[PDB]
Amino acid sequence: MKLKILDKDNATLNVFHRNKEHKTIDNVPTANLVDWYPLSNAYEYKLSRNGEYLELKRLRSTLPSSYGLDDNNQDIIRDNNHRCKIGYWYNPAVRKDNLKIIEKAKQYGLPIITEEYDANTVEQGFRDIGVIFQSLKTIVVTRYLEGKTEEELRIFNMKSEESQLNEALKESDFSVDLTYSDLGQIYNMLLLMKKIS
Amino acid sequence: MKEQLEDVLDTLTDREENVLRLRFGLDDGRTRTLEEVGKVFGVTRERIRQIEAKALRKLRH
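If you're matching them up, the sequences are chains B and A in order. Note that PDB author numbering has the first sequence beginning at 1, numbered continuously upward. Note that PDB author numbering has the second sequence beginning at 296, numbered continuously upward.
The following block holds chain A by itself, in its conformation from the complex:
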């Protein structure tokens, strides 16, 4: 799943790859909450959750 992510994020815009990256804390190591990520990118939590719902769903087809 770690190798598939680095290709699934390359199919997303940088601003989405970065919210998923910040949230899940790939290079960060630690995990960021929905609110923190929402503060970093200046957007609501529901939107971030929509990005997650767009990325995690891409790992199917």
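One chain only, chain B, in its complex shape:
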């Protein structure tokens, strides 16, 4: 799925159709983008068989299950309250979960796509979310090094940070990937805000 924001009056969307056929929807609205566009990373839009609907598709991912779609269930995918219509861009479900995300971003103190913003606000947004990520891994290792008891020393602390984070997240809490998922979707929001400037 490829959202190409052209001149800031509209956009174009590249999606799959049938068995990996290429289709593009022009005249895609960029205002009220919150409604229909999924911020998940675990889902993507696909042109319906009779192409007048954009319907969800669950991607291979260990991310949480948003939009009520857990496994590409056709009875949910074809439902009108779980898919968008080309022309009247609702969602829906997508709007609910995305509003929840925009609530999370509000909690963190990050600029949201619902209210006014410029390039500066978005730049500050990414700059802050970076701090959030760094702090998150820092805490994920901090509250992890309590077992020890002195096994750390200068043997464990050997390279690398990738290895350290791997061994630390290996037995980390289950909520960590939920928070990471939230931050991912928020990141996608900030990205949408960035490309809209």
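Please keep in mind that the hints were generated in silico from the structure rather than gathered at the bench. Cβ coordinates follow ideal geometry from the N, Cα and C atoms, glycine included. Relax, there's no trap hidden among the hints.
Quick list of simulated restraints, FRET-style, between CB atoms: (1) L351(A) with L178(B): 28 to 34 Å; (2) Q107(B) with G320(A): 21 to 27 Å; (3) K96(B) with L351(A): 36 to 42 Å; (4) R352(A) with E115(B): 37 to 43 Å; (5) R127(B) with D305(A): 22 to 28 Å; (6) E52(B) with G320(A): 38 to 44 Å; (7) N80(B) with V303(A): 36 to 42 Å; (8) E298(A) with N80(B): 40 to 46 Å; (9) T12(B) with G320(A): 23 to 29 Å; (10) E341(A) with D118(B): 38 to 44 Å; (11) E52(B) with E341(A): 38 to 44 Å; (12) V303(A) with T149(B): 47 to 53 Å; (13) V303(A) with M158(B): 31 to 37 Å; (14) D118(B) with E298(A): 19 to 25 Å.
Use these hints to put chain A onto chain B, whose structure you have.
Just chain A now, with coordinates in the frame of chain B:
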């Protein structure tokens, strides 16, 4: 290379442009590890490395 990336990422799906972007930290400024990016997109590190191997190789032909 900074100007070529913004066109090379426009030839990739959004979900790949975003893993490369998060990893290399374009707008983020800072750099994200393979594990962090893998956690953000819910996929293993090897896969992310495959995306990198697909994108960085596109800067040739």
